[PDB]
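As a starting point, one isolated chain is supplied in structure tokens, in the form deposited without the ligand.
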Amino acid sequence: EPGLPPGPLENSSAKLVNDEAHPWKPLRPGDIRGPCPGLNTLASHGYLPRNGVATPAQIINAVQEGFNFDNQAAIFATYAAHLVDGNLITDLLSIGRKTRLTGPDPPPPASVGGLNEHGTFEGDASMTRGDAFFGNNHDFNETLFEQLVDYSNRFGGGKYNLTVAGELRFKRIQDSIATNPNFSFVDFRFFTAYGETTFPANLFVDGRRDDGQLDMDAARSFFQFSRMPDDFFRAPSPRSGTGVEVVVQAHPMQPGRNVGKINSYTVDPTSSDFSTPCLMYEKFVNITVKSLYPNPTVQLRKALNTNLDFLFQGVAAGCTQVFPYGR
């Protein structure tokens, strides 16, 4: 059916998104927020359900409407997250912690852990969240945010921009290598870790300006409080990871991992990287999804195949679809 998954916006102009129909509200008891400042902000303004549990279609519509996230990027991220962290039978995903609100769980080894689940979507060297190894991969960390402010002062004239992103991304990688014996920086996380550092410059900057320079009040508002600036206009066109190549090239890194000790970063020659986007997709579906759903029942297999078809619609690179559970 058309509109499943949601298609691109009919009208993708800049407009007021912090409007009277979408007020910021504080959390009620039980409301879930997680490691994504974008989704957190959409939930706290009511572009998504305010309790932080949503369907993939709700998430895709929200990121497009609220931030002008581009359609393919929205589809890929949402169905990737849903496949590994969401309930495929009830069609619900938590944007944070695991919750009974996503419905009766599937059999092990599937975890349905929400976006807080480490190593599926969420991973190491986040800008404002700590690595899961240290015990909290989802809450805003003030010390890490102050480092973002310091890098913005040093490389962005007090604003966050792609130059700042290139330097901060590398700093966070180096700090995880030095401190986290389980540091993993391969495949899907290698991709998302770099792309996410562009998002504040591309999507948190008011759309009437759209100059790639994010002020620190706005940065704190999104990253800490899940709140849009007063009178915030979304970006004037659909985008996501514009300029990711600049961030990647600031300090070229190979994908790899620490091997159970600090300072043991070992390149993984089997990992995808930005030269092999189709390999990233194929490994995600053949390996990561299969590790959660190795031998699904008929009902789960059907749900997997539908969501995998939707995932493939989000692949922006020139790739062939693969079928880990046949056709």
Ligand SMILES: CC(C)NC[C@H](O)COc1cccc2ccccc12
Second form
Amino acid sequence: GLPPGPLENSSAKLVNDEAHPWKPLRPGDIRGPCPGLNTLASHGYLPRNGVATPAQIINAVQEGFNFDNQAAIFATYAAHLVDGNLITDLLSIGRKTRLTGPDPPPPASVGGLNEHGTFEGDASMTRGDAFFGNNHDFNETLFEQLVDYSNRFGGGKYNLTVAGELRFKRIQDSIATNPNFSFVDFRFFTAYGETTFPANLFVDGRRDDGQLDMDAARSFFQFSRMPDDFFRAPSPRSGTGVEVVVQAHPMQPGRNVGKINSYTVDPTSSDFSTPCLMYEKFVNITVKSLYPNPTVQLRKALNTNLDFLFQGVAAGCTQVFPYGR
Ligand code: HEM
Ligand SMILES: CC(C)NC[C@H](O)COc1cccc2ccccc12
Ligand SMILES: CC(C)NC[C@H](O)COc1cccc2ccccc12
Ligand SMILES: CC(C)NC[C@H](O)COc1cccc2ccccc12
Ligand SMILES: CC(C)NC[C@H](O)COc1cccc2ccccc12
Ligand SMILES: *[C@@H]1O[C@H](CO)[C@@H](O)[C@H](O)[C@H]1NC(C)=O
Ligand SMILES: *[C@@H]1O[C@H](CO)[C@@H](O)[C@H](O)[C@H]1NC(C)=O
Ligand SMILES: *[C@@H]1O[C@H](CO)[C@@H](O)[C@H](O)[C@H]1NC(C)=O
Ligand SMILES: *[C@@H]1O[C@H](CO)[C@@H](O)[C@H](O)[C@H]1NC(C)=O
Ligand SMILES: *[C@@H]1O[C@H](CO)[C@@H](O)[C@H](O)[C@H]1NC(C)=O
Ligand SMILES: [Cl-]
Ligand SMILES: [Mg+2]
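Follow the form deposited without the ligand with the form deposited with the ligand bound, if you could.
Everything in the complex follows now, all chains and molecules, and the chain you saw is the first one.
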């Protein structure tokens, strides 16, 4: 389907409403590394089994949380291209599942959002690095560290100052312990943006003060559950305030090189000075390497989804065409 447009009415409103109650997981229901999508599934803004189309995802993030359209489009089509089934138009928000349909050939994985190194990556706030065995479940120890950082830098609330400190702490901990730590290109970007989302989108929209309380934080991060009477944000947004997070502890993109404490800067990575390069590498390298020589129907699906992806790219970038036009 065509990507949905922006909300006709983007006011704050009750989103934990009669039509969208929280329900617990049934056997087979899939949740993954994204507390936003998890919460939308657990309130029925998405299918409750956690398998959805790109259009369903875009509508859900807008309706349920007031995620802005451009961000919704870029994130959703990026995820779908690398983790979803392009023929069936289905993406798992978590683990790989037969519910997304017949798989394409190797080397494409169609691994859902749980697939490490495509969208999901290291130094997540409340999820462990894939190297440590589980990149998707809520981790209590990591959440308690988020609480501790909120106590120390946020007066007990999570805000952009807390985000700046916690983002850096998680990077440093991965450098110290994960010999395979990777922090380049798309993950370098998303790792920063995601730390703003709890302050911008999990804060009740009647307040919109950037100060997330720990009861609400746990509700979203652990239980995929909106607080009782939760109002979404009062305008469309995504990653505003990311500048505060970066400014706290500016980092270069890089990786450990097969040992702990060996963080080595990658001069071929994009960074915040080269946003168009991030897009170009995502398409030319990441997507292309999953689908190096697609058959006719896959090529058509790839090109359609790549056109949609480009709608979410910041103005000023040039579209690239890995499979021609
Ligand atoms: C628009 C479609 C979206 C997709 C496909 C998506 C997918 C993902 C994925 C795969 C991750 C894993 C990144 C990591 O390794 O840490 C992630 C991180 C995250 N996403 Fe989303 N996301 C979307 C939008 C949203 C929205 C709307 C919210 C909030 C309303 C949100 C909140 C988060 C948070 C908080 C994290 C980091 C969680 C943590 O580090 O513990 N995302 N997202
Ligand atoms: C169904 C689900 C939302 N139940 C919520 C729990 O009964 C209450 O949750 C909680 C409430 C208060 C503190 C906590 C600390 C750790 C883990 C959970 C906590
Ligand atoms: C509302 C609009 C200005 N948002 C786009 C800006 O680049 C801010 O958002 C973002 C900034 C930086 C990284 C991110 C990663 C994923 C999603 C959004 C991100
Ligand atoms: C630090 C701040 C000023 N910059 C934020 C970044 O420029 C956000 O960039 C981006 C964030 C998310 C997706 C994208 C897709 C294409 C191009 C740029 C994207
Ligand atoms: C790897 C890359 C060069 N190939 C992508 C495209 O297959 C390039 O060739 C093609 C270009 C245009 C239309 C086509 C239709 C079916 C199969 C191939 C087509
Ligand atoms: C937009 O929605 C809000 C909240 O539901 C409502 O109060 C407002 O009147 C709506 N505006 C229009 C133009 O319908
Ligand atoms: C290790 O890093 C490589 C390349 O950076 C990646 O392909 C692989 O999935 C990573 N594995 C884990 C468990 O981190
Ligand atoms: C949670 O994260 C901690 C700290 O990184 C780690 O030691 C632990 O194994 C993780 N998993 C669980 C299930 O607690
Ligand atoms: C975070 O909270 C602390 C304590 O209230 C405050 O000093 C800091 O200015 C806050 N930061 C933001 C970005 O709101
Ligand atoms: C991506 O490929 C296009 C050709 O399709 C090329 O013009 C562009 O320079 C490439 N960009 C990168 C970063 O490789
Ligand atoms: Cl919007
Ligand atoms: Mg992760």
